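In structure tokens, one chain follows: the form deposited in one PDB entry.
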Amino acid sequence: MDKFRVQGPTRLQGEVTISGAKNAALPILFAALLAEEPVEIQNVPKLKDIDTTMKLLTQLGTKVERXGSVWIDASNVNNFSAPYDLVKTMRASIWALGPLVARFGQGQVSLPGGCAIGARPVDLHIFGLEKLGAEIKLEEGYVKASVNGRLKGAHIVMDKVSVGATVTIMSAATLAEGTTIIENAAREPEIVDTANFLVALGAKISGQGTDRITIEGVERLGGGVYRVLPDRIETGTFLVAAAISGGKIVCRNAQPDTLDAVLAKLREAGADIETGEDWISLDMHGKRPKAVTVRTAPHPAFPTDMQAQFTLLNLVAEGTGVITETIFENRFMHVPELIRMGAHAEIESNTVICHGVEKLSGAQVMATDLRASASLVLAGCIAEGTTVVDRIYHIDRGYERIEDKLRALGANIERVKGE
């Protein structure tokens, strides 16, 4: 069981190049199944799910190869059944369903085998595809979706805002006959990037980023080159890394417009921020951060995926600040780990009251949440002494070489084996 042994305190400053967001690459890679001609997807990080996706595609007959980018030739996809073995490892597998039925008339993917009925997020995808006119067969724990001829554009009203369903329906719609309208579509920048990728390939899509996306089905999609957008959460993580340690950092290969809320919130924390076309710099001028009030909400509002990091910011800030989770629940579990490092905080409902302290103290900590865990690593970097963050594989699955990037900013960090 790998883990991170950190030594603090260390001022984190310098530069970092932001990787491509896997949250955007994943939906794009599966969207690539629609491409009749070769596609070069640039700026894809090297993470477990990317490997898994490449294997799954290859086992569907698509020629795949990578490096900084992943090259895809889906001109000859001839197998339409996603193998259980690869599918079981990730939520993104479901995305191979829509493209296959839309382009080849058939797709089969295994489904989770819980016990609860009317919840399985996967159900929206199945119904979304049925709305587009796919015949659906639910048997032996899987879904076999198919259609005779092309799918038909439909007017779809999403009851729940779903990032996953938005991608399935939008991707499938690009090859349907007619127009598809998705009301209450997920607005995430990653949706926008997937929309833009499909457009780059010849699709007709507008309204991405808003509450309703409109797709005008076309005969087929070509190929080409497309660059995955920067990881806005990785960016936030590092901006907070500088913001909580009196440092100054510049994030390269970044996209400022996906972080209006986070940037504004850092300024309120007292950060001196400048942005360029593809970079963001943050300077604390050696000062401690000033406590802020945070309210997580749907994009473009403050992102829940930046919450654990700002919680940490407040715990080491000047004053008191309350982080409110307006949407999710049981989201402050990493907080007791921070308290063990000396932080002063009270959890009350969907709220955590933060009382900044001078310095945190090294301790042995662990967090199952990816972001909560990265927060524990930044905490270790500015804590007095030695901090040991366990089960860091959660971080490895979402961040590309975080230790190398942190070390380059001044952190004393070492990965270790043996449980």
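Basically, rigid core = biggest C-alpha set you can superpose within 1.5 Å across the two forms. Positions refer to the first chain, counted from 1. First, how it differs from the form deposited in another entry.
- Within the set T53, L198, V294, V228, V228 is the hinge position, where C-alpha fit passes from one rigid part to the other between the two forms.
- Superimposing on the larger rigid part's C-alpha atoms between the two forms leaves the smaller part rotated by 12 degrees.
Having displayed the form deposited in one PDB entry, please output the structure of the form deposited in another entry.
Chain only, nothing else included.
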């Protein structure tokens, strides 16, 4: 298993060009299963989840090719059962189900994998497809969906906010007979991006970005070209990298309006932030951040995908800060690893009480998920000495070229094979 060896401390400063969103590219690639004509999806990041997705689509009979763009021809899709080996390596695999049943009348997918930060059920996806008329049965380790003829539009009220289920329902609804109204829909920027990609193929969707999405089903979707929006979590990660290291960083190919809460929280921490149409700069002026209070919640509130990174920020900040995680139940394992690097924190139910220290110390650390792993690498950049972060393949799932980007910002980093 590869590891990153980091020698700190190093100020992280300069510029970085943000890649397309991991979490918009994924639902768009699965939505392309609905397309009868060639599709070109632009600005797709080179991530392990994207590679897994391309392999999964190919196994269903999709013809896929990629470079910066990914080309999809789903005209000959003819196998409606997704293989367990690909399905279980990430979360996005659940999105194959709705498109398959909506377009072909049937689809089978195993329970997904992905960030091991909670039980992460898919009951809401099941709920929504059933509301659209699909029969759902759990057999042989598969979630099997089927319908005789078209799905039927429905007024669907979500009992809980779910990014994934909102995408599943909105996507399947595009080929349903009639109108679907999703109430209490997730508002994430990736949902807006997926909706607009669907519309480019001929779908009729309005309300994306709000809590109510209305879809008017059509007979079929064609093809088209669509550019994936910038990755707000990769952006937030590098803004935090500047903030915790006293540097100034300018993020290019950014979309400022997807980060209102994160930018506001960084300003509370003392950051001097400026934004333009497609860029964001952050200058800490060499100053230590001020501790802040953070509570994760559905977009547009502070994102759980920036939680581990802000935990690191508070742990090197001046004063006592708070991190409250309301979305996932097992997303604090980066904490004991940072404590081994010298941090001071107490976990109390779904909250971490942070007591910032001036400097962290290098150590052999490991996280079992994407954002926590990236956070340990940032901690290594600012700690004194050598930090070795094990199992960094987790980072490959969500960051394109994090090694080259961090090195361009000043990091002393090396990828090693290790034992």
